[PDB]
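*Asks:* Here is what each chain is made of, one letter per residue.
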Amino acid sequence: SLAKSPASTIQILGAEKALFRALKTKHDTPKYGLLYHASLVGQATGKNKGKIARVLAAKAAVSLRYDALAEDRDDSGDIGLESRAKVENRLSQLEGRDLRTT
Amino acid sequence: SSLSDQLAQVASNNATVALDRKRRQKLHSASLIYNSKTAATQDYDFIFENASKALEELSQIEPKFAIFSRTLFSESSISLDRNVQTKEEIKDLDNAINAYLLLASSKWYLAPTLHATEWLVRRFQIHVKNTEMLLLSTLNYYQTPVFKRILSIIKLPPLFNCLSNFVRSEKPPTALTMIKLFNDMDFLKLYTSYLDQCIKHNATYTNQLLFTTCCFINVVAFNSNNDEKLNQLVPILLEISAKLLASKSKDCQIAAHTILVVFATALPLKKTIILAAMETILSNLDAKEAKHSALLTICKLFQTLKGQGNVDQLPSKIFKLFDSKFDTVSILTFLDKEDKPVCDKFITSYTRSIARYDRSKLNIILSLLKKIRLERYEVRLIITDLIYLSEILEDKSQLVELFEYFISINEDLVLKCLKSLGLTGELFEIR
Amino acid sequence: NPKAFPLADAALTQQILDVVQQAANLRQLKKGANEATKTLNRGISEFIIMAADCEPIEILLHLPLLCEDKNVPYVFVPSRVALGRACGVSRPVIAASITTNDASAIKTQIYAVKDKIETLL
Amino acid sequence: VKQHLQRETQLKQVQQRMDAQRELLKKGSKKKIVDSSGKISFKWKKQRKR
Amino acid sequence: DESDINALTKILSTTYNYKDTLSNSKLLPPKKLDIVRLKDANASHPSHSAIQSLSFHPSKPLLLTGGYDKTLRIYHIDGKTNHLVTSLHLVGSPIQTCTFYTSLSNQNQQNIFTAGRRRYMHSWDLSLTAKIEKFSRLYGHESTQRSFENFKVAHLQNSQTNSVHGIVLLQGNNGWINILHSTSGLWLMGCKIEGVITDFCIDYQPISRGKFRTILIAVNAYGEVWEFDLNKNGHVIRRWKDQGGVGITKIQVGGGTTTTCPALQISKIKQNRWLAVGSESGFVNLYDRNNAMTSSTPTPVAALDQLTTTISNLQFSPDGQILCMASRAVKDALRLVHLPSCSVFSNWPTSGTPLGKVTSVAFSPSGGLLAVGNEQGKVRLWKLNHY
Amino acid sequence: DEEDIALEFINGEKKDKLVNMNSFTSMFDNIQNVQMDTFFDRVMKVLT
Amino acid sequence: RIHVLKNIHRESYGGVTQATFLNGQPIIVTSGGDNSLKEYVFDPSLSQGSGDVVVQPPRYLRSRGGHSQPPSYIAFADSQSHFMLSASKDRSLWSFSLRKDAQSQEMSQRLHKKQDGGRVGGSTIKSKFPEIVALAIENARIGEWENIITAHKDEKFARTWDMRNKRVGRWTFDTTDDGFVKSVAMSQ
Amino acid sequence: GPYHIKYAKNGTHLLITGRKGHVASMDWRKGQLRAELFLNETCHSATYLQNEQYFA
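Protein chains in written order, with the deposited numbering: chain 3E, 308 to 409; chain AE, 2 to 432; chain 3G, 5 to 125; chain 5D, 201 to 250; chain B8, 180 to 183, 205 to 328, 336 to 594; chain AG, 849 to 896; chain BE, 283 to 470; chain 5C, 112 to 167.
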């Protein structure tokens, strides 16, 4: 039931009361939810923790529905590990940029 | 110019002299260990005695700090004031400070060097007088709090201008800021002089070589789309490649190999520059990892070579030098590797130099060109100079079995070269 | 891939990707697996196209599981690259949902392709 | 249940018009296509997204 | 100090330039072209329509333009003063494809074949009055060929004599390519592919001394490609599939003798190295036929994606080092992609190149010279200084 | 036949990787205490 | 090798004919056969500790010059006999002073913007206008608008210039009959 | 104009006056000026009073 949910839901999955009050009046929705306490979002700083909460929820949807829907799964962490490498170098490339002018 | 401009010039000259108590407090509160309220109340004797303790620790780690205990960290230097002696004494103690800084550039991960260079910061004011050498020495450590500390207390030179938004900031400078720092030309000349002093006094350490090579190849990558900036940039980085190849460190030699391979694949250099580059590569080749990088470097530098003249026989001096550094087993083994490097034009030039300059080792060229596959113009030039070898000297079994290989593959091409020069019945009557 | 049930042959996949191209021009498709599942949840999808070309196919084969709950047709085409070309973006597209409309110009083409899909179920 | 159905279909139609307007103001080339009646639609140029 | 492993330092202290000089290059540098602009070729005599097709002569300095204003013009091109040689207005026959054909036997015919959305195709015999003939008989096959628009002219060998003759190849309705003689107009053979035929090209491969073989390469709209050997009866020898690609508009070969870089002498016929399949999204797959004739699901060496609307021209330079993608859908949609590196030249065209709405393109067989015809009726002319 | 020799010379040219602006930006992350020969083959993997 | 100043003078007129450092000074005066005399200066080094190894390249300082080819046309700019306009075969329009030779200045050929907002044609590699056949200056409305009207060799339009700004003007008058401009005039 | 010079009685501050109008009181040994005033009539001389804090 978690695997058949879209990645945006997996992003906002913990923050339902903030989400639905910010939808039932026309306000801005949260961006973290239950996924805020992941170590990668801990490594991010600024608005790009919203950004990598989004990319982490996307890769977590990929890995999660692989885990729930695979049959020849090996319990070895391969898809989760390549997804984590994707999220880590993405976090690198948006922590390398800086809004200052040098 | 204006009066406020001329007075800013005299302020920048008199930056280090404490002319009253408030300037002395603002100028002595610039520490590298303590905060300002402790650092303003400390003495010279206190910071000297624990810096002398830390220099004894640093000297038992590395024994080249004992002469700095003799001169820069002695007890006459507690009372030695910097801006009271003349220019000649100033240049004496500033090359003393430069010697200490490029010796202790490697040690910056362990707290005795922080507590020891604390005394150079607070007695000799090297954060505002000897500041370019301080930044250049600790440039590698830019993700670390010790570089954050020297940026907070530094007065930034005009060449280091892009770090001016990372001073007194909580976040480290980024790698793109480091590439923007290195992308200047005057900064590149400054850093290559710094490396020349490093290579001269034999202090090049591998973390520095990694950082230096990374920033250099990123400068070349950034300037890869403007040929005039690449052409401004060639006699700087090829000069520092020559000065890194002219030393003894295997790490700095393969750093120069990395710089040369990125630069030759970024722009098509001249043939003679590539040949002199391989001569400088081979002229000091002593290690094994250096030999691995040197063979890969010479292969790629010959690969990135176009036009009429890419696959000539490399001349007699450089071919026998390449023979004395790399014999037959090394070349044959490296070609037998399953990773398949691209060694086309270099191996063609090598076999043509064997046919013009060795004339005994032809079974090995049969085996190696059995191993790797070449192009039509490569094997056309190979069989043309084998035809000339048959016409100059008597044709024995090694040249015969070479022509049996060149008959067993692509016999139409050897017919085309014989019909361009000679005849097939006449050549079979020859051999 | 074996576990990609109904896979289209060449003629059916050519007309599927033709109706995908004209729905992309009419701004009537949601491209991407998460947007396809959102249209599946909201019940505004006509049919789902998936690609039997993704190297984990289990990132796909979960929207079949809620297609067979809302009896919406779904089909597989062999190329994610070609599905991305048809959807008209620069990336490969793994799944695409053609959304519902009743004033649409290509309603007859959508209905014809979805009947040809639900023949092979 | 019948008036839940009427509310749901009216909300579907108004969200469909809202979504068409939002889709219209994004970017790309488009033209105003008019039918027999006057129900206008916007046909987008065959050009993929860069 | 001093009076007068240092090899690199010495060679740097003597050299002042550090790159290859002029002619010791022999193959193009990537990412930066060298392309000057000459006088616009049809600037002497303006065109009254969009310039729909464009071809150079195989030997002479002649450029043939033609469009929907049912006239075709030949221009002696040079740098300065591209003048008009002659000009023929076929009434009631707008032209869409016009080609210089020059036979391999005597290289003395110099025909111009031209055709539009008509059930006929004209053939002007160049004689410097004008004797043109009209082909209007499909010899029993008129139902499968209702318009002579998309033709291509090629060479064919008898393969029991060593006698070559030109064929024209007409793309018809169902999947049909009707191949017919370029002098007698007799229907020789026909090749049917399965789908919507969208484009086709001609490859040649040498066999021995004085014998070659003609291959027709025809693409479905969906992306599957047939190769027909047609020096024998028009029989399929290979059937493969384009990786990706769903709306396929244009296939081209290059690197050897195409129909646009034609061989003047039969021993100068070369096998084409590259094959570009350009699509409706602007994606151009690029296949390298030195290895992609064996796989039957071959992968492209690169898929270019730089221009975003429908590929309507893609032409290879005669050496086979540049491909020219071009689209007649938006303005200024032309790119020159260098190859083997498969990287687009980034310095040309700029934002101020007067390319227009590029509706035809042509490469010179000898001069290294682009002609680009746009919808305003202007052939613009550029010279690549590598040649 | 010099045109045929020139065509086979330009025909025997193989596809290479060109340096971009950002072909070497992701090396600072792992220049930390690795050896310089591992840096050399990490660069050579980018070049090939 | 510190730096190379390329094309500091014309090779066709002799190259750099005499270059000398004013002694004790970082300024070097060059002179060439193209009727030109330049000065180049070395700024002090940009690195505050190294200096001797980071040598800032020589930059340009004052220079005097004239025509490098014999002049083809001549006019007087005003009634006071102070300035005179002078066009040469090396495709430059100078304004020479009869009172003080420092006031002699080359009229600039940096074009204005197009009036509607479209692009202007021409080559990217900017070269000078074709050499001047005729010109006509009438400084009744000077500073107000375009003031000099000039006619070039084998081209079908006449440019304008502003003597006050010492630059080209916004207008190129066409002939409208595909003929080259053989004469110009302007009213008073 | 020509600058009449004046120092404070300890040498910390300098007071210059141009003949034209330019009077500047400054800390000549740091780079701190604390008055630069252009009094466009011809000034002749100046002096500090008991400090750098007042000058006539």
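There's no promise every hint is true.
As the list claims (entries may be wrong) - BS3-like cross-link-like pairs, simulated, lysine-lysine; straight-line CA separation at most 27 Å: (1) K564 (chain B8) / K249 (chain 5D); (2) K249 (chain 5D) / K590 (chain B8); (3) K371 (chain AE) / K862 (chain AG); (4) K538 (chain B8) / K270 (chain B8); (5) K326 (chain AE) / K260 (chain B8); (6) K464 (chain BE) / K408 (chain BE); (7) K249 (chain AE) / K230 (chain AE); (8) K590 (chain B8) / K408 (chain BE); (9) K331 (chain 3E) / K202 (chain 5D); (10) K230 (chain 5D) / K202 (chain 5D).
Honestly, the hints are just simulated from the structure, not real lab data.
*Asks:* A separate judgement is required for each hint: does it hold in the structure or not?
*Replies:* Here is what the structure says about each hint:
In summary, the hint linking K564 (chain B8) to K249 (chain 5D) is supported, as the alpha carbons are separated by about 20 Å, within the 27 Å threshold. Taking the CA atoms of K249 (chain 5D) and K590 (chain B8), the gap is about 33 Å. The hint is violated against a cut of 27 Å. Distance check on the hinted pair: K371 (chain AE) and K862 (chain AG) sit about 20 Å apart at the alpha-carbon level, within 27 Å; holds. Between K538 (chain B8) and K270 (chain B8) the alpha-carbon distance is near 24 Å, which keeps this suggested pair within the 27 Å criterion.
As the CA atoms of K326 (chain AE) and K260 (chain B8) are separated by approximately 57 Å, the hinted pair breaks the 27 Å bound. For a cut-off of 27 Å, the pair hint linking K464 (chain BE) to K408 (chain BE) stands: about 25 Å separates their Cα positions. Of the pairs offered as hints, the one joining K249 (chain AE) and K230 (chain AE) is violated, with about 31 Å between alpha carbons and a cut-off of 27 Å exceeded. For the proposed pair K590 (chain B8) and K408 (chain BE), the alpha carbon gap of about 19 Å is at most 27 Å, so the pair holds.
Of the supplied pair hints, the one linking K331 (chain 3E) and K202 (chain 5D) holds, its CA atoms being roughly 24 Å apart against a limit of 27 Å. At roughly 39 Å between alpha-carbon atoms, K230 (chain 5D) and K202 (chain 5D) are farther apart than 27 Å, so this suggested pair is violated.
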